[PDB]
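**Student:** Chain residues, written in single-letter form:
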Amino acid sequence: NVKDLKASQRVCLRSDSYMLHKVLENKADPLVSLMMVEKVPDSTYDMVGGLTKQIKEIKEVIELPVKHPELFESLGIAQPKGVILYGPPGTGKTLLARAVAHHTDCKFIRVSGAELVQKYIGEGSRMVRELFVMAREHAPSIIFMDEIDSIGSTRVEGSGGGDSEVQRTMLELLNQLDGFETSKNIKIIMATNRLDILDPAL
Amino acid sequence: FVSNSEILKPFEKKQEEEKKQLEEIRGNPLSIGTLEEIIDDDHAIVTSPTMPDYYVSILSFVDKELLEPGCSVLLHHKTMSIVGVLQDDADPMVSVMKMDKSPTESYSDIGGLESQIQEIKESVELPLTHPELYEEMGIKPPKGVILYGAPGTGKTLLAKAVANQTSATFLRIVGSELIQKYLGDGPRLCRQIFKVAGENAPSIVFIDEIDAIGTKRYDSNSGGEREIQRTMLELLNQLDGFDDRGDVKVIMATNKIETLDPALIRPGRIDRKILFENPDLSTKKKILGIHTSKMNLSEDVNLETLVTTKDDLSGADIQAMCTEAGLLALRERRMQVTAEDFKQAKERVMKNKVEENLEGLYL
Amino acid sequence: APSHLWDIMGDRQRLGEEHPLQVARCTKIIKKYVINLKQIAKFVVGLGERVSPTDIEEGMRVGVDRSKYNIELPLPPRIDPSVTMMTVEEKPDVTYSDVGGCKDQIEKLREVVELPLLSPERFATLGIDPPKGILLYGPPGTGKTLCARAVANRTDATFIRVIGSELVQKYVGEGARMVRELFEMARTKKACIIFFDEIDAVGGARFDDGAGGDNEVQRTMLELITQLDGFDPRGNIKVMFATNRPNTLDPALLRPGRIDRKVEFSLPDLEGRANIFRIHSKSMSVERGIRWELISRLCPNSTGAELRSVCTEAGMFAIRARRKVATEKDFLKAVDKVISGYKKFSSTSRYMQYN
Amino acid sequence: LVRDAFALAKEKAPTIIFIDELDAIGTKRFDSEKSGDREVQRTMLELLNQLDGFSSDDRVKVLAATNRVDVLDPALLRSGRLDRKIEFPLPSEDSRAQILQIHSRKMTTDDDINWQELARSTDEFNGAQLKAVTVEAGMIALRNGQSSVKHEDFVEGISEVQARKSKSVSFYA
Amino acid sequence: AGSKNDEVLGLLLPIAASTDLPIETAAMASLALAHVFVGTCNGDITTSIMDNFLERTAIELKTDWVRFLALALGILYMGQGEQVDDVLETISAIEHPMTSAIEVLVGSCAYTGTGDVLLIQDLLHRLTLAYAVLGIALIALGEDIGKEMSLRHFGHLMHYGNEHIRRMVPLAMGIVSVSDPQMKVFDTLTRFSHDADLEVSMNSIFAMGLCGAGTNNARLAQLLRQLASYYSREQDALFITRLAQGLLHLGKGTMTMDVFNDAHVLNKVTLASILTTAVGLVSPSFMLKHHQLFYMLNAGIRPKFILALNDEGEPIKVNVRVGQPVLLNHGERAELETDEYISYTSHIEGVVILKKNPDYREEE
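Chains as they are written, first to last, in UniProt numbering: chain A, 103 to 304; chain B, 75 to 437; chain C, 77 to 107, 144 to 467; chain D, 262 to 434; chain E, 498 to 625, 736 to 931, 954 to 993.
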């Protein structure tokens, strides 16, 4: 019947009679162009040394309301939107984002702002915010931002790095969660180098 | 008895004979394609996803009004004739569109802005809720409003309460997403924005935080300065040259609208210019009570005490202290937040969190 | 119900082996017709049964049978573009009398457009050439687009409104095809009107240095000028150029022979702004005995878009001020509101003369 | 399109291919990061190579007409392609009198109009601006109801807005 | 209409017995006597009407004047109650096809306001005549549940093979929609606007003026202008299309005709207009008729207004915010809204009295 059939399902279509036979498999986890799906990573707190002082800062702030949503709801405050790190690159700031996703039992997903803009019919600007839907069907998201700025590899060290368009757009999408769904399961993890790289609105 | 023989009997006989024809009409494969153009002779051309080309006759289960260039129809296997038109369900194109139904907001949380609310409510909510006022009088309501003021006044929550009371479609267009990498997609995006909003209901069009073209800042997206005009003038032609009776309401707001081209603002269509400033000590007392209404406060905490300490702060700076004070007590895990947490929270917001510049000062 | 009547012909118009036709275009005609398919395949056939030898023309879409290729029915050419099918509007809401004022800028447009269409034999006596193009720019906010929709009402024919950002497409070279899409319907549909909105984003003469990509925009005009004034002087209908930036336009585009009548909107004077409030006095609610000549006099020279905002806001004072109908007291408040209150940006009012 | 044009030009006789509005071809410069190019340059290379090696001998002749020479390919002009440099200066006094009179051959007048007098009223006007004078002269007789175009119609047509004309109750004293 | 006079027994009563309908098209006073007695019947008036159906000769076989006499008995016996059964038994004595149209009308007027399964099935059996379909929408007015559900029963009436039933479908839609316009009603009238039969399209035009009662144009702006293509196709489409257009603007757009109010009281004067003008609107409509049949709508016009007085009629200003007016005072109209002061009795629109307490008193 049609009860067992849904969107994005690999099936077998007969030839002579041109009819459905059976269902083969489902759709793979990676979608569209580039989709990074990592569930339950191997990074833990024991793998990160010397940052224990900073681990308590990413626990009671980031990790705490994710495991206990009834805390900020009872205190009358709002769940924090996102937390950004300030430090030199290559020091393992990305490792801290992958380690907290393991203890929270979430799916680590990056954001590459370079490939978010494509050209199709109706999908042209959809690819930018398409990562928002990927964090809807799966609540344990903890979105992480990649391709921040120029560390001295590419050119254009000044002006913008292209992240100001994606970062400020994803943070604005959080208002629909509390306004319509009345629940925010999405959190944006950001990072940078200096203080003045960010826009004054952030 | 008498009516059932002249109604139910001929109806059930025609339905059973119609289902027998559906086997010969609709085949097993039921190929589809893209409709290009239609002719008054009941003949059209359809292109399948394999890009073939055919010329057939228009059959039943469709009319001349349902056929539009660029749609998808149903074809036949051997004869390749058009069986009928296939409507498009589950949104027209994109499923992440900001369109929602009855969000959660009220007028109690936006309190204190009523001086600026009366202007936007009459030009947006009033014609949608009470259309008999503008229609019977003969005046035409404005096609949109624009907001300006200092950052932190909470201009986002002003239009958020409109979507709940109007109970209609509410759309949001980010000002930073207006441009596109590929040249020519800028106007193609803006054309589809007003196309969806024009088909279903007057609804709402809300644009916030426009950085577009302002002081560059995007070196990963190159328009060559020619895409600047084509993308911006597309929004201008839809607010002027596009034929509309006043249903579409387009709202634009950001930190500074003075850097934008005033021709793009299209004066005379927007009759409401609302300014926002920093609230005084009397308004902050009402705003502070809103964020602390759902918060558990101790007996020694006084609302009038924290307002006196606040100096040169906007509406967003007040909520920041209430959120930070909740996080300070969250580390100690206290049910009621004591007064020592508010003292340390109000100092850290105005220092590390909020950086107060000189700007125009001259003391 | 209507499907039952069409099922009788289903034994003929459906099961027939004719209708499954393959559409293609004939590249070469020998009087043997070389016809190129959509699959990149060609063949050579002759005429059909009911096919006339004079119906097949060079460069025309000709459908053929799918199995054994043979010419059956001709088809109109240029079947690919789907974009220009939506550019033609029908019955604009703005009428001919909606433009406020007796200003002679109205009389100049009707004689160069509406007159040759309604009375083509009037100028044929003197043996003259009616102006092919017109010029309407003006400052933003004077109701220029209202005059464009006012002519389409009296014309009672096909009207085409082209967006300045519509011509430039997402590929390089497709904009040249967009120009031929407009002028092809001029021969197909006679006695129509084409209109261009915001031609500045189209118009060329952007020179070269320092951008490196400005040559993509100027190629649209080079195709637009060629399709307008070419080698063969091909033209029928009237062409309308409209933009808010006359300074950035191609100085060759402003030269005559592609444009004859040049009409630039100005600021209505005390007598000009008087009729603006009189045409709006028939709407809304006006108290008996109110003289609108004093209201337009207190308001300084400004665009027509800000004049209609006065009457719109005048009816909005009765809500807050607890009034029945709009009085003279509420009209004076609109002068300090619509004009004096909005003086901070959000307006043109002769802001941009050039750029 | 360029290769197939000259390929038939040998069998189709010296058709004298005419190319108009050359401003689209001949730009080169260089490409760094943005401002994508070279898609148009490939069309120019066919125009340069076809007119050099395999053609341009006897029956191959090409006439080119552009607007401004400020932007073009300096290598496009060569003794094998474009030889003579032809300039079209603004018509003189006696030159404008002949041009303006020919556009009136299809009109109806009393032959009392002095065209040499109208040539002096026209100061540095191109061939396109001269044609607009006869067009405006016919529109004046329609409003005034004149059965024939007289001399004052051409003089008033100059005062009407065509080029470098404004008026509209503007007096500087 | 609405008046009661006993002097009509010596003037219009003997004229209606002259049997001038089939011959001279005269003695139409039966329609005039219906407006005299409202809610009550009469022995001499009813007897003079049954005398026309008693002879049933060849001259009286014309179907044009049949329903003219039925509207007389339908208004007199409207809301009669359980006493309608005794009248139907007397009419059932004479057997003629004319008696079928009388029972479906007069019988439906007494039960108006209450839905019944047996009454609806009896009206559907007479279709295989004009007021048999309108009787379903008439009795469904009193029930708000059956009023909205009656739309689905109207669309099912197109299953018949005769086009005379389909053209009568939109006439029933205007009776239930006369109060407030609905979105689902507009989509149904669109299909009847385009048809090969002219009688189907003309009947749908008159239904648009009834459904849009209370306003000028909302969704009817593009629907009434879509009929401009029918002016060149039919000469009679000039008057019929513009006739219903004026009903929306009737009374400068403020006045309207509705059988509902804040007290839920069905007015028989309005029912004596729309029901009489629905069948036989113009001469080409239905069979051959005259142009004088649609003038009954002027007697049922009920304007909307709100006013306040004190004792002798001294004007007192209130505060009511409605459409133009916003914050009115004296001499304006309002709908479904009251003021912030304390009224006397009605507590609704119209002419009321204000009585203020010594505690909180706010006046001009």
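What the hints contain is simulated information worked out from the structure, not anything from laboratory work. Any given hint could turn out to be false.
Label-pair distances were calculated between CB atoms; the ranges are [said to hold, decoys possible]:
| hint | chain 1 | residue 1 | chain 2 | residue 2 | range |
| --- | --- | --- | --- | --- | --- |
| 1 | B | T289 | D | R320 | 52 to 62 Å |
| 2 | B | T333 | E | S836 | 32 to 42 Å |
| 3 | E | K559 | B | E98 | 46 to 56 Å |
| 4 | B | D114 | C | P232 | 46 to 56 Å |
| 5 | B | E433 | C | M464 | 46 to 56 Å |
| 6 | C | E201 | B | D114 | 13 to 23 Å |
| 7 | E | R832 | A | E127 | 49 to 59 Å |
| 8 | C | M198 | E | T522 | 34 to 44 Å |
| 9 | D | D298 | B | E433 | 42 to 52 Å |
| 10 | E | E806 | C | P232 | 18 to 28 Å |
| 11 | C | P363 | B | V428 | 45 to 55 Å |
| 12 | D | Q359 | C | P363 | 51 to 61 Å |
| 13 | D | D355 | C | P232 | 55 to 65 Å |
| 14 | D | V330 | B | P123 | 17 to 27 Å |
In silico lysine to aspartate or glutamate, EDC-like type, Cα no more than 20 Å apart, as pairs [to be verified]:
| hint | chain 1 | residue 1 | chain 2 | residue 2 |
| --- | --- | --- | --- | --- |
| 15 | C | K394 | B | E433 |
| 16 | B | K425 | A | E140 |
| 17 | C | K150 | B | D127 |
| 18 | C | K455 | B | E98 |
| 19 | C | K394 | B | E210 |
| 20 | B | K427 | B | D374 |
| 21 | C | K456 | C | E418 |
| 22 | B | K368 | B | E209 |
| 23 | D | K428 | C | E286 |
| 24 | C | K302 | C | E223 |
| 25 | B | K330 | B | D174 |
| 26 | C | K220 | D | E421 |
| 27 | E | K501 | E | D517 |
The beta-carbon is built from N, C-alpha and C at its ideal position, and this holds for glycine as well.
**Student:** It remains to establish, for every hint, whether it holds in the given structure.
**Tutor:** Verification of the supplied hints:
Restraint check, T289(B) to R320(D): a C-beta distance of roughly 59 Å satisfies the suggested window 52 to 62 Å. Checked against the hint of 32 to 42 Å, the C-beta distance between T333(B) and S836(E) comes to roughly 51 Å, which is inconsistent with it. Checking the proposed 46 to 56 Å range against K559(E) and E98(B) shows it holds: the Cβ atoms sit about 51 Å from each other. Taking 46 to 56 Å as the suggested C-beta distance range, the pair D114(B) and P232(C) does not conform, at roughly 28 Å.
Separation of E433(B) from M464(C) is about 28 Å and departs from the stated range, judged on CB atoms against 46 to 56 Å. In this structure the hint that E201(C) and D114(B) lie 13 to 23 Å apart at CB holds, the actual value being about 19 Å. Range check, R832(E) to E127(A): about 56 Å between beta-carbon atoms, so the 49 to 59 Å window is met. Between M198(C) and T522(E) the Cβ separation comes to about 56 Å, which falls outside the hinted range of 34 to 44 Å.
One distance hint, 42 to 52 Å for the beta-carbon pair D298(D) and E433(B), holds here, with the actual separation near 44 Å. In this structure the supplied range 18 to 28 Å is violated for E806(E) paired with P232(C), their Cβ-Cβ distance being about 43 Å. Checking the proposed 45 to 55 Å range against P363(C) and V428(B) shows it holds: the Cβ atoms sit about 53 Å from each other. Between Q359(D) and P363(C) the beta carbons are some 26 Å apart, a value that contradicts the proposed interval 51 to 61 Å.
Between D355(D) and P232(C) the beta carbons are some 37 Å apart, a value that contradicts the proposed interval 55 to 65 Å. Between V330(D) and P123(B) the beta carbons are some 49 Å apart, a value that contradicts the proposed interval 17 to 27 Å. Using a Cα cut-off of 20 Å, the hinted pair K394(C) and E433(B) is violated, with the two alpha carbons roughly 50 Å apart. A hinted pair counts as satisfied when its Cα atoms are at most 20 Å apart, and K425(B) with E140(A) does not qualify at roughly 39 Å.
The straight-line distance between the Cα atoms of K150(C) and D127(B) is roughly 7 Å, inside the 20 Å bound, and the hint therefore holds. Restraint check for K455(C) and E98(B): the C-alpha separation of about 71 Å exceeds 20 Å, so the hint is violated. Between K394(C) and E210(B), the direct Cα distance comes to roughly 14 Å. Compliance with the 20 Å bound is thereby established for this hinted pair. Pair hint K427(B) plus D374(B) does not hold up; C-alpha atoms about 26 Å apart against a cutoff of 20 Å.
At most 20 Å may separate the alpha-carbon atoms for a hinted pair to count; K456(C) and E418(C) meet this at roughly 14 Å. For the proposed pair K368(B) and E209(B), the alpha carbon gap of about 42 Å is over 20 Å, so the pair is violated. Distance check on the hinted pair: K428(D) and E286(C) sit about 42 Å apart at the alpha-carbon level, beyond 20 Å; violated. Pair hint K302(C) plus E223(C) holds up; C-alpha atoms about 19 Å apart against a cutoff of 20 Å.
Straight-line distance between C-alpha atoms of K330(B) and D174(B) comes to about 28 Å, which puts the hinted pair past the 20 Å bound. With a CA separation close to 12 Å, the supplied pair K220(C) and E421(D) stays within the 20 Å bound. Taking the CA atoms of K501(E) and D517(E), the gap is about 26 Å. The hint is violated against a cut of 20 Å.
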